[PDB]
Each structure stands twice: as C-alpha cells, then as structure tokens.
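Number of protein chains: 6
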Amino acid sequence: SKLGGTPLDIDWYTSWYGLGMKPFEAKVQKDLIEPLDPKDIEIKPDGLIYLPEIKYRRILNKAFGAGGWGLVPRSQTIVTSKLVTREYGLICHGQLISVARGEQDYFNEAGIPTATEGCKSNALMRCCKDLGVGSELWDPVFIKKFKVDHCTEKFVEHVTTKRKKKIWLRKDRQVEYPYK
Amino acid sequence: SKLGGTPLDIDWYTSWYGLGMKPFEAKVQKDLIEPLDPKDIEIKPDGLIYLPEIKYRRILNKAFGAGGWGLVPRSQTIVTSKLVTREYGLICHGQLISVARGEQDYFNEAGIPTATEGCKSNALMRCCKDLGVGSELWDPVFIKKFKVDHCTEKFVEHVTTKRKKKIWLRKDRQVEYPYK
Amino acid sequence: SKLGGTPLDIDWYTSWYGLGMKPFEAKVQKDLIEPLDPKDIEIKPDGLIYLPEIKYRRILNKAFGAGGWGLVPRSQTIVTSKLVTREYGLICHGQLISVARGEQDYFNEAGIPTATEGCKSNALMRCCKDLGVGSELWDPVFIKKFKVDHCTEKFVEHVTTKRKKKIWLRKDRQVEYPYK
Amino acid sequence: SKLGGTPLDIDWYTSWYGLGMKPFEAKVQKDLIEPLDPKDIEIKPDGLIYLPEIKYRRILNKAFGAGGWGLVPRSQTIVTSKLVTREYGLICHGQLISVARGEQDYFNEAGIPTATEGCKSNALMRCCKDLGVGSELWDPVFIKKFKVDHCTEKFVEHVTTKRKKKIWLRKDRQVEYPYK
Amino acid sequence: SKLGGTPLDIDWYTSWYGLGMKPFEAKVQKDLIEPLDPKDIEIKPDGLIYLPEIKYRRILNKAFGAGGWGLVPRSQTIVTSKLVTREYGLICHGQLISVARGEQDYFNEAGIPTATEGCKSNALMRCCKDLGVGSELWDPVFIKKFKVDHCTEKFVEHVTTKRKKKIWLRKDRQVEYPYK
Amino acid sequence: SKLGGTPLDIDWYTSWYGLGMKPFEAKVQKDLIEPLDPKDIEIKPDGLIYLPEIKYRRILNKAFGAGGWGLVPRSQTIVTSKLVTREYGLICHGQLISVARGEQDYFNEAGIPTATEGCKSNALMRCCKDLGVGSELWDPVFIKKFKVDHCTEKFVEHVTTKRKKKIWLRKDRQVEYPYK
Numbered sequence: 049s050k051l052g053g054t055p056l076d077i078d079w080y081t082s083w084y085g086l087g088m089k090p091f092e093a094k095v096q097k098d099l100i101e102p103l104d105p106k107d108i109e110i111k112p113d114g115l116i117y118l119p120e121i122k123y124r125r126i127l128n129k130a131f132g133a134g135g136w137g138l139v140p141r142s143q144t145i146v147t148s149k150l151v152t153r154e155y156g157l158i159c160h161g162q163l164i165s166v167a168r169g170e171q172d173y174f175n176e177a178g179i180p181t182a183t184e185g186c187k188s189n190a191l192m193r194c195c196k197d198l199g200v201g202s203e204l205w206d207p208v209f210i211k212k213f214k215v216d217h218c219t220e221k222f223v224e225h226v227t228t229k230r231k232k233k234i235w236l237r238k239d240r241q242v243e244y245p246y247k
Numbered sequence: 049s050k051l052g053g054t055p056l076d077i078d079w080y081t082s083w084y085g086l087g088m089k090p091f092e093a094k095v096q097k098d099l100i101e102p103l104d105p106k107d108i109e110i111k112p113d114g115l116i117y118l119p120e121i122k123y124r125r126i127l128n129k130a131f132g133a134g135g136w137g138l139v140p141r142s143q144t145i146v147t148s149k150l151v152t153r154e155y156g157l158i159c160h161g162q163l164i165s166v167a168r169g170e171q172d173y174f175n176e177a178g179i180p181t182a183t184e185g186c187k188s189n190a191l192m193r194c195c196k197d198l199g200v201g202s203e204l205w206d207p208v209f210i211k212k213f214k215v216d217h218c219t220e221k222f223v224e225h226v227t228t229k230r231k232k233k234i235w236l237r238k239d240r241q242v243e244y245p246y247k
Numbered sequence: 049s050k051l052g053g054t055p056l076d077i078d079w080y081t082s083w084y085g086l087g088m089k090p091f092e093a094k095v096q097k098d099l100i101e102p103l104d105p106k107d108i109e110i111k112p113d114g115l116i117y118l119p120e121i122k123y124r125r126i127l128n129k130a131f132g133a134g135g136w137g138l139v140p141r142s143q144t145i146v147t148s149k150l151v152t153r154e155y156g157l158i159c160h161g162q163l164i165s166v167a168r169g170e171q172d173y174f175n176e177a178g179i180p181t182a183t184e185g186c187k188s189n190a191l192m193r194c195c196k197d198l199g200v201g202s203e204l205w206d207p208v209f210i211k212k213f214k215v216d217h218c219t220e221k222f223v224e225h226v227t228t229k230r231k232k233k234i235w236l237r238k239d240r241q242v243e244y245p246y247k
Numbered sequence: 049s050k051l052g053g054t055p056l076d077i078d079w080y081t082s083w084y085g086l087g088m089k090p091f092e093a094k095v096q097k098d099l100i101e102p103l104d105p106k107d108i109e110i111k112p113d114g115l116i117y118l119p120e121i122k123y124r125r126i127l128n129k130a131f132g133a134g135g136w137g138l139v140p141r142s143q144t145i146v147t148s149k150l151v152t153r154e155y156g157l158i159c160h161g162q163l164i165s166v167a168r169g170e171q172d173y174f175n176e177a178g179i180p181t182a183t184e185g186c187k188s189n190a191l192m193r194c195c196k197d198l199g200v201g202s203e204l205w206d207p208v209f210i211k212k213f214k215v216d217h218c219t220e221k222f223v224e225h226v227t228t229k230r231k232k233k234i235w236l237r238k239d240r241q242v243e244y245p246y247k
Numbered sequence: 049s050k051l052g053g054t055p056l076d077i078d079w080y081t082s083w084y085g086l087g088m089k090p091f092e093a094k095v096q097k098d099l100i101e102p103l104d105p106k107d108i109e110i111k112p113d114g115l116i117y118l119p120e121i122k123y124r125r126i127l128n129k130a131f132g133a134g135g136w137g138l139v140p141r142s143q144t145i146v147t148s149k150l151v152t153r154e155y156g157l158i159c160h161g162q163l164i165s166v167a168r169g170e171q172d173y174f175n176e177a178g179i180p181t182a183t184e185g186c187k188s189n190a191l192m193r194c195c196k197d198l199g200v201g202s203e204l205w206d207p208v209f210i211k212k213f214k215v216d217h218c219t220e221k222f223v224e225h226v227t228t229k230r231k232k233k234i235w236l237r238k239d240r241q242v243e244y245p246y247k
Numbered sequence: 049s050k051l052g053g054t055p056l076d077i078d079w080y081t082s083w084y085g086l087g088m089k090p091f092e093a094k095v096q097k098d099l100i101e102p103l104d105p106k107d108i109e110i111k112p113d114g115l116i117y118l119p120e121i122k123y124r125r126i127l128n129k130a131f132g133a134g135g136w137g138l139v140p141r142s143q144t145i146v147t148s149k150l151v152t153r154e155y156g157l158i159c160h161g162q163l164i165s166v167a168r169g170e171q172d173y174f175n176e177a178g179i180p181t182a183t184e185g186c187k188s189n190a191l192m193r194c195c196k197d198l199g200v201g202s203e204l205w206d207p208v209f210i211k212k213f214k215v216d217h218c219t220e221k222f223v224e225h226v227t228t229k230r231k232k233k234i235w236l237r238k239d240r241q242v243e244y245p246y247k
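Here the protein sequences come in this chain order: F, G, E, D, C and B.
Those letters in the first sequence? Residues 49 to 56, 76 to 247, by the authors' numbering.
Those letters in the second sequence? Residues 49 to 56, 76 to 247, by the authors' numbering.
Those letters in the third sequence? Residues 49 to 56, 76 to 247, by the authors' numbering.
Those letters in the fourth sequence? Residues 49 to 56, 76 to 247, by the authors' numbering.
Those letters in the fifth sequence? Residues 49 to 56, 76 to 247, by the authors' numbering.
Those letters in the sixth sequence? Residues 49 to 56, 76 to 247, by the authors' numbering.
If a hint is listed, it holds; no wrong ones were tucked in.
When the alpha-carbon atoms are kept at most 27 Å apart in a straight line, the in silico DSSO-like pairs for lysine-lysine are as follows:
(1) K214/B with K122/B
(2) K247/B with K231/B
(3) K211/C with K247/B
(4) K211/E with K122/D
(5) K97/D with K94/E
(6) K233/F with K211/G
(7) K233/F with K229/E
(8) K89/G with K89/F
(9) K122/C with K89/D
(10) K89/F with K97/E
(11) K221/C with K214/D
(12) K211/F with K106/E
(13) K211/G with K231/F
(14) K111/B with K214/C
(15) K50/C with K50/D
(16) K89/C with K196/B
(17) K89/D with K89/E
(18) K97/G with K97/F
(19) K89/C with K89/B
(20) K231/E with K229/D
(21) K214/F with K111/E
(22) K149/D with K149/C
(23) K106/B with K211/C
(24) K212/E with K122/D
(25) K97/C with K94/D
(26) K89/F with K129/D
(27) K211/E with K111/D
(28) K129/F with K129/G
Every beta carbon over 12 Å from chain B, so not counted as near; a handful from chain C, in silico:
(29) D104
(30) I110
(31) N175
(32) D216
(33) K229
(34) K232
(35) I234
Hints were generated in silico from the structure; no laboratory data involved.
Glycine residues also receive a C-beta, built at the ideal position from the N, C-alpha and C atoms.
Could you build the full structure based on these sequences and the hints that come with them?
Printed below as a string of structure tokens:
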C-alpha cells in the first residue's frame, strides 16, 4: 500500500511443496558451485560488478537440464510510478527452492510490459543466491581484487549534455553510450 | 490498471502442471543448445541484434517435433493506445516450461488484430530464453564481436523527409526502406 | 500498530512442523560449527564486526546441500517510513528450525523493493544463530581480540561535507566511500 | 491492558504437549549441568553479572544438537512506549519445557524490530533456568565470590557530559564506552 | 475483582490429570527430603529466612531430571497497581501436583514484565511445599535455632537518607545496599 | 451473598469420585494415627494450641508419598473486606476424601494474594481432621494437660503502645514480637 503503485497437480502459485525437503544429488552440487570465469563478469559505470542473467540461465540449464526448472509468479505485478515489481519463485525438480522480488526501471508508459520481463530476470538472479550460484559476486574480497586487476577508472566525456564524469569500465572494453 | 488499455484433460489456461518437473532426454538437450549460425542473425538500424522468430519455431520443431509443443494464452489481451500485450505460456511434451509477456507496436486502428499475433511471436521468443535457445544473442561479448566483424555503421539518407542519419546494417545487406 | 508503517503438503506459511523434533546427523553437526576464518570477517566504520551473508549461504549449502534448506515468509511485509521489516522462517531437511525478523534501511521511495530482499538476508543471518553458525561474532572475547589484532582506528576525512572523523577499518583495507 | 503498549503435526503456538512428560537421557543431564567457566562471565557497570546468550545457545547445541531444539512464540509482541516484550516457549526433542517472557530496551522508533529479537534472546536465557543451565549465575555465594576475585570497583570519568561515577568492571577488562 | 488490577495431548492449562494419582518411586522420595545445608539459607534484613529459588530448581532437577517437570500457567496475569500476580501449576512426570499463586513487587511501569517472571519463581517456591522440599524453612524450631547460631542483629546506618536502623544479617555476611 | 466480599481424566473441580469408596491399606492406617510429639505443638498468646501446617504436609507425605495426594480448589476465591476464603478438596490415591473452607487474615490491599495461599494451608489443616491426623489437638483433656505441663501464663509488656497484658507461651520459649 505504501508503494505508489497499482496492480497491472500442484498449485505452484501458492503451494510451498518441497521447500527445503531433500538435497539434490552429487553432480548437481558440483556444477552449482563451479567457479565463475572472470572474462564474463561485467561492471556498471558506477562501480558495481554483476553477471549477465543469460549466464544464470545457462548455468541452471547445465545443472538441472532444460525443463528441469522454472520460474512461477507468486504475486500480482505491482507497478510503481517509476519501477515495476513482482515476486517470483524458483522450482527445480518439482521442488520449490526460494521466492524473491524483482525490479526494473521504466521511463515511458509504453515501457511497462517490456520491463515486466526484466523483473523476472532480476528475480531469477536473486533466487539463485540460495543455490550458491555466483557467490563470488557478493564476496567483498573478490570484488576488491577484480576491480583492481580487471577494471580501470577512466575520466570520460558525456556527449549528450557535454559534462565531464568519472566512471568504471573493464580494461578490454571501450567507452559506450551515452559517453564519448 | 496503470496501462492505458482495455481488454479486447488439463486446463492449460490456468494450470501449472509439470512446471520444472523432470528434465528432457539427452538429444533434446543437445539440439536445444546448438550454436546459432552467424549468417541468420539480423540487426535493427539502431544497433540491436536479434534472430527471426521463424528460426525459433524451426529450432523448436527440430527439438520436440511438430505437435510436441505449443503456446497457450494465459491472460486476456490488453490493448494500450500504442501497443498490444498478452501473456503466453510455452508447453512442451505435456509439460509447462515458462510464461512470458509479449509486445507489438500498432499505428492504426485496423492494425490491432494483425499485431496480436506478432505479440504471440514475441512471447515465444521470450519464453525460449528459459530453454537456452539463442543464448548468445544476450551475451555482450558475442554482440560486441558480431557487431565489429559483421555489421557496419553507415551514413545514409532518409528519403521520406530528407534528413541525414546514421544507422547499423549488415555487411552483405544494402539499405532498405524507409532510407535511400 | 505502533510501527509507523503499513503492509506492502505442509503449509509452511503457518505450520510449526518439525520445530525441535529430532537433531541432525553427525557430520552436519561437525560442519555447522566449523570455526570461521578471520580474513573474511568485516567491520563497520562504527566498530561493529560481522560476516557477509553470502558466507552464511555458503556454509548452509555446505552443511545441508543445495535444495536442502530454504527461507519461508511468515508475515506480511511491514514498511515503516524509514525501514522495511518482515518475519522469515528457516527450514532444513523438511523441518522448521526458527523464525526471525529482518531489517533494512531505505532512503528513497524507489528503494523499498530492493531492500525487501536485504531484509530476507538479514533474517537468514539472524536465524542461523540458532544453528550455532558464526557464534564467535557474538563472543565479546573474540570481538575484543579481533579488534585489537586485525582492525585499526584511523583518523580520516569526510570528503562529502569536509569534516574530520574517526572510524574503524581492517588493517589490510584502505579507506572507502564516502571518506577520503 | 495496564502496560502502555499495543500489539505489533503439533500446533506449537498453543499446545502444551510433552510439558514435563519424561526426563532426558543421561549424557544430556550431564552436559546440561557442566560448571560454567569463570572467564566468560561478564558484569554490567552497575554490578550485576550474567552470561552472553550465545553461550546459552552453544550449550544448548552441545546438549541437544542442532535442530534438536527451538524457540516458539506464544503470544503477540507487546510494544510498550519504552520496551518490547513477548512470550516464548522452549521446545527440545519434540517436547515443551517452559515458557518465559522476554524484554528489550529501545530508544528510537526505528529500533523496535531490532529489539524484538533481543527479547527472543532474553526469553531463551530465562527459559534455560528450568534446565539448570547457568545456575551459578543466580547463586548469591557464587556472585559474592566472583565479584571479589574477578571484578574491581573503579572510579572513572563519563566523557559524554563530564561527570564522575563509580562502576564495576572485570579485572582483565579496560573501560569502555561511554566512559573514559 | 477486588484487587485493583487488570489482566495483562493434555490441555495442561485447565486439566487436573494425575492430581494425587500415584506416588513416585523410592529414590525420588529419598532425595525430595534431603536435609537442606545451612550455608545456603539466607535471611532478609527484617528477620525472615528463606532459600534461593535456583536451589529449588536444582533440587527439582536432581529429583526428576531435566525435562521431567515444568511449570504451567493456570490463569491470566493479574497486575495490581503495586504488584503482579499469577497462578501456576507444577507438573512432574506427566502428573499434576499442585497449583499456587505467585507475587512480585514492581515500582516502575517499565518493570512489570521483569517481575512477571519473578512471580513464576515465587509460585514454584510455593508449590514445592507440597513435595516437602525445604520443609525446615517453615519449622519454627529450625528458624529459632538458625537465627541464634547463624545470624546476628546489627545496628547499622542507612546511607540514602542517613537514618539509623536495626536489621538482621548472616554472621559471615557484610552489610549491603542500601545501608553502610 | 451475605459475606461482604466479591470473587477475585477426572474433573476434580466438581467430581465426587471415590468419596468414601474404599479404605486404605494397613500401614497407611498405622502412620496416619501416629501420636504427635509434644515438642512441636505451639500455642497462640491467647491460649489456643495448634500444629504447624508444614507438619501436616510432612505427615501426609510420610503416609501417602510425594505425588500421592494433593489439594484441589472447589470454589472461586471469596475476598471479604477483612479476610480471604476458599473451598479446597483433599485427594489421596486418586480418591477424594473431604472438602473444607479455609481462612486468612489480611490487613493491607497488597496482601490478598499472599494470604490466598495461607487459606490453602488452613483448608489442608481442616481437611486432615477427617483422616485423624492431629486428633489430640482437639481433645480437651490433652489440651488441659499440655497447657499445664508445657505452657506458662506470663505477665508481659506490650512495647508498641506500652500497655500491660497477660499472654500464653511455651516454657522453653521466650517472648516475641510485638511484646518485650
């Protein structure tokens, strides 16, 4: 109510079946904690690193197989004046794992339903924290080392309104939109 | 409600049966992740690459066979003043996989029901992300390399109202409508 | 009511099944009480030590396995004007362990639903106290020794509004935002 | 009603199952009454000794094992204008032991839900009196001897408002906040 | 109604099961009537002797074992303007023994819920009279002899408001707060 | 209604089960009528002899064993302006014996719930008359002889308001409060 927004076999919408029931078998445990390659970790210009969500999907497919997992909505889509939110639950092997709440930013009215899928991707990313996928992305030591051996802090020109600004970027990457 | 629009065996409209129940067999897993050919990846003039949806249909038919999969509506068609949206779920082998929300752009009143199928195609494209089909289209490294070895950035003339503009195009492709 | 806020198989939302029913087997007991490494314990600038929550997730995954545990909401999200709260229960091996109440701080309206996951992480951290995970973080002797052999008290400059202040930091760590 | 406050298998919220049904087996009885080490008993500056609650949790885990016990709420959280209270029951081996009422002190409005866990810890401490854990903390002879061979009464300076005051502290401990 | 106060398997809240059903076995009868040591009996300054309640808990644990007994509330907590009261029943070996009414003195509003546990301890002390625990504390001959060979009547100075008063204290004990 | 006061397996609150059903076995009959020692019979200063109630409890425990008997309330506590009353039933070996009404004197408002237990003790004393415990206390010949060979009638000074009065006391006892 406080959010300034309005809504847009097993009943997975409300069921809690299997939540923390039994662990998965060995090789799933092995490949769920495969160390992430450094080359495919990206960083915002503000200095925050992350992983592409397609990589989360790829890892999950490698772990459980196609059709072995899925995302289920858990609540009505809430659409605030400046962002779109929804709660999503992750199911694997017919067994609920976790539920999370996703975010996206939209700037035009025609842009809600293109963002309501990005929030699904965000919720998947957030739910995978329970599985241990991509743990190093939240390790402060890992972040500090990665940001010192793979990213540089470059003074660079904002061409839209011509102001100077300092941003973060990867060493092998050039400067993209909206900058020089 | 916020969207400025108004609606136009197993009950697949509402059922969640099979969602992430069991993975598919081996060769399906193999051919679901066949690397995409470069020659059939296209790019908007704005610089965004994609794949034709008929290629998604072809891959899905090669994976599951004709009649082995289908798209089911999940919600009433919402028609905003400038776009048409609907939620579609993907079923394969009698087993729900994922649900997504599709988009299309319409510019005339006679054009809603020709776009309400394009949004189906869009939703299929979006749902296939769960299966891992066309993952490289969302890999930033893949995009960067593809855009530097297969697309060029050409200064070209807008003939409708005679203004100059810079757009993206494939190396083997000429310039199409509405330009020179 | 006093809080100045408004709400935003086994029914785990309300069930108390398994709470303190039977203990876990031996090796789980061993690895639940593995002594924490000193290098991965961090301290606020105010002088309060803690552990990253991803480390709690990693330890829980090592103890119970992926899918062997989960967090379940226990109450509606309460959103006070300056913080967001919710009650979360920890389930392991199909057996409830404990319920705790989590906190996060939000400073803008767009920031509720990004914090409502941090409060989940906080509740996990708090619930793990029952399991004995990270006990040394609440041992006063451990804190006193750690703060004298691994952290230093440095006079340092606040660059945002240029005032001088004394804060706590680890010996191997430099000074971060918002300071010099 | 008199308190100036307002509320914020086996149904353990209301059930009395197992209360005083059968005693536990021998080694549990042994390790529930292990004499407490003197080095880990702390004292307020006012002259009241106690034990850290993490030590109660550690002893309970050593006695019953992780997952062999838990705390269950027994009443709605009552929040008085200056403290937060709740009733908690202790369950071990699927058998209720006792119920107690916990306290915490909060001084700001943002501080209720961080204190509502401290009151859980307090209730655990109080319930453990039934088990005989930490009995010497309530023995007047033990207190008198401990305060004469392990604590000293030091004249010391309150630096916040610069007044002199006499407080209690351990012999091996220095003077902490808010004093000199 | 006359009290100037307002309320704050087997349903032990109301059940009378086992009340005086069968006696306990021999060694319980032996250790329930073990003569109390003189050194651990204390006396108020007004001249009334008693035993610490932790000693009652210790004796009960030695008799029945941990988990072999417990206290169950029998009525709503009544809170008079100057004291807090409640009725508590003692259960041992799944068999009700007796019910008593406990007292505590509170002097500030923040002090109700710290006293509502002391009244539990008082009720335990009172209920144990049925078991014969601490019988000598109510024997007038025992009191008279104890007060003449172990306690002295000392003239002593009240330092709070500087008045002289005569109080009772043990021979091996010094003078405590609030006196000299 | 006439009293100037207001209320404050087997349902023992109302059941009459076992009342006079079968007599107890031989040794119980023997030790229920053990002659009382003279040294532990006390007398009021007004000239009325009695026995301490803890001795009744001790005799009952010796007869039936701990847990072999109990007191059950039979009516709501009636609180007159100057005394507190309640009806209590005595159960032994799962067999009701008798019901009696107890008394206590209270002189302050804070003193009701400390007296509502004394009335329990009084009711126990009164109920034991059915068992024949302490019969000699109501034998006029016994009283006359005891008062002539064990008690003396001493002229003694009331120190509170300095008036002279004649009272009864035991030969081996000195003069207590409130007198000289």
